[PDB]
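These notes concern the structure reproduced below.
Yeah, one chain of the complex is gone here, protein chain that is, but the others are all in their spots.
The letters A and B name the chains in turn, as written, and every chain counts its residues from 1.
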Amino acid sequence: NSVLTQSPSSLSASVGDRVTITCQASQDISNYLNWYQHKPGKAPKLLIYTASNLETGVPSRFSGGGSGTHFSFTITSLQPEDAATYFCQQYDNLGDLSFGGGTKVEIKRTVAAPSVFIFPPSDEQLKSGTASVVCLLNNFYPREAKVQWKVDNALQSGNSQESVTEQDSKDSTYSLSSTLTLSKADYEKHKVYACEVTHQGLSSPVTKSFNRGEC
Amino acid sequence: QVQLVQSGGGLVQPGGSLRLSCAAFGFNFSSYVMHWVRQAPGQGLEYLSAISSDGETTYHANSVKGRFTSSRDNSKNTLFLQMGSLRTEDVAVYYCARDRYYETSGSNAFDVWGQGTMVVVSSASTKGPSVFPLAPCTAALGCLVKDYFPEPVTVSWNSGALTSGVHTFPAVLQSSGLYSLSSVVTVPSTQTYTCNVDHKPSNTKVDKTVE
Partner (left out) sequence: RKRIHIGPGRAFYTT
């Protein structure tokens, strides 16, 4: 019966900047609130216990305060390493124990243009009936980018899927994959296969392409 | 160091049973209270259970009370979660955690967590992944992990020897109902590159050398 409201849900700030997450409780919970860090695939990590106290091995960069219904968590002087999800936990008791919705923290970076790569479908895959063409956008910022598929200079609609990595711990960039999915009979019908990339870090659109059965 | 590794995740039929195990390394397991937490996709963490250090006293949240049972074997340094009569709402990454008590303030936190284990509830059948090489004509190469069910799929390069440059993408749910992801690496140019794919729900371990 203790709901916790965490704000903001998203957050983007530069390195060296100070930033503060807020958590609010529906009941007086004294100081029994803890703050956790979570990076994708990794184990969650305890930073601050009981409102204000640092756990050992946690840098001074992290900070906490408040009591009762209102609580705050501050990261002073943000680092590329801090690209994570931060969530709070109310621990007044095991019966009421609950968690905040979390805050996704992005590190704001200077605009970086992607390296573009294209991959033909393997011989192994073609022999099974399907053909997948993969486009890769390497280490770029920000997340927003436009990728389109052209087969003999014809736009492809609804037959591809994109995927984005989480933010990089070191250079704060993203990487994206686009995948055009064709049947073998459709794939062998046309010759030229192209991936055209648009991004705010590119003054000109980038096209990576190949001819069918030439490399 | 102080560590928790989780096992037993996979695919279960609606109403079926599954046992989760949480192994403790680097610390004195028997001294600590242990917890179970879970997180549904697109949702917040949800607290499930507590178990005493001697292991004879448990708490279970209302959402799982007469359904899941926490137990522990201290001589094996293992925490258990017996799950029965499962629903769609039980689809989550499951986390075990170590309790800490701070005497100076009379308070508690979860100071050590596991990396999590995923449980999928569905009446669909298990399917192993097909792994395909991704080759070019700074250079980039990779693996296409296509048509598996359910999640997750873990990918490494050269048995862990190659990490910098690697980008393993989140899976996409295809219109077929099966999952698919790619793993790539960017290496400028005897020295081969082998991706290692692990899909535990189907006990499938595929290695693929790219050339």
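Assume a residue touches a chain if its C-beta (ideal position, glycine included) is under 8 Å from a C-beta of that chain, and two chains touch if they have at least 3 such contacts.
In the complete complex, the residue from A:62, A:91 or A:119 that touches the missing chain is A:91. Which of B:17, B:28, B:30 or B:57 touches the hidden chain is settled by the complete complex: it is B:57. Residue-wise, the contact with the chain that is not shown comes from B:33, picked out of B:33, B:92, B:143 or B:210.
For subunit A, the residues in touch with the chain missing from this view are 32, 91-95. Although one chain is not shown, part of subunit B still touches it, namely residues 33, 50-53, 57-59, 99, 101-103, 106-108.
The rule is simple: only the chains that are shown with their structure count from here on.
Taken together, the subunit A residues at the contact with subunit B in this complex read 31-32, 34, 36, 41-46, 49-50, 53, 55, 87, 89, 91, 94-95, 97-102, 115, 117-122, 124-125, 128, 132, 134, 136, 138-139, 161-165, 175, 177, 179, 181, 210, 214-215. Within the complex formed with subunit A, the subunit B residues making contact are 4, 44-47, 50, 59, 95, 97, 100, 102, 105, 107-116, 130, 132-138, 140, 142, 144, 146, 167-172, 174, 180-182, 184, 186.
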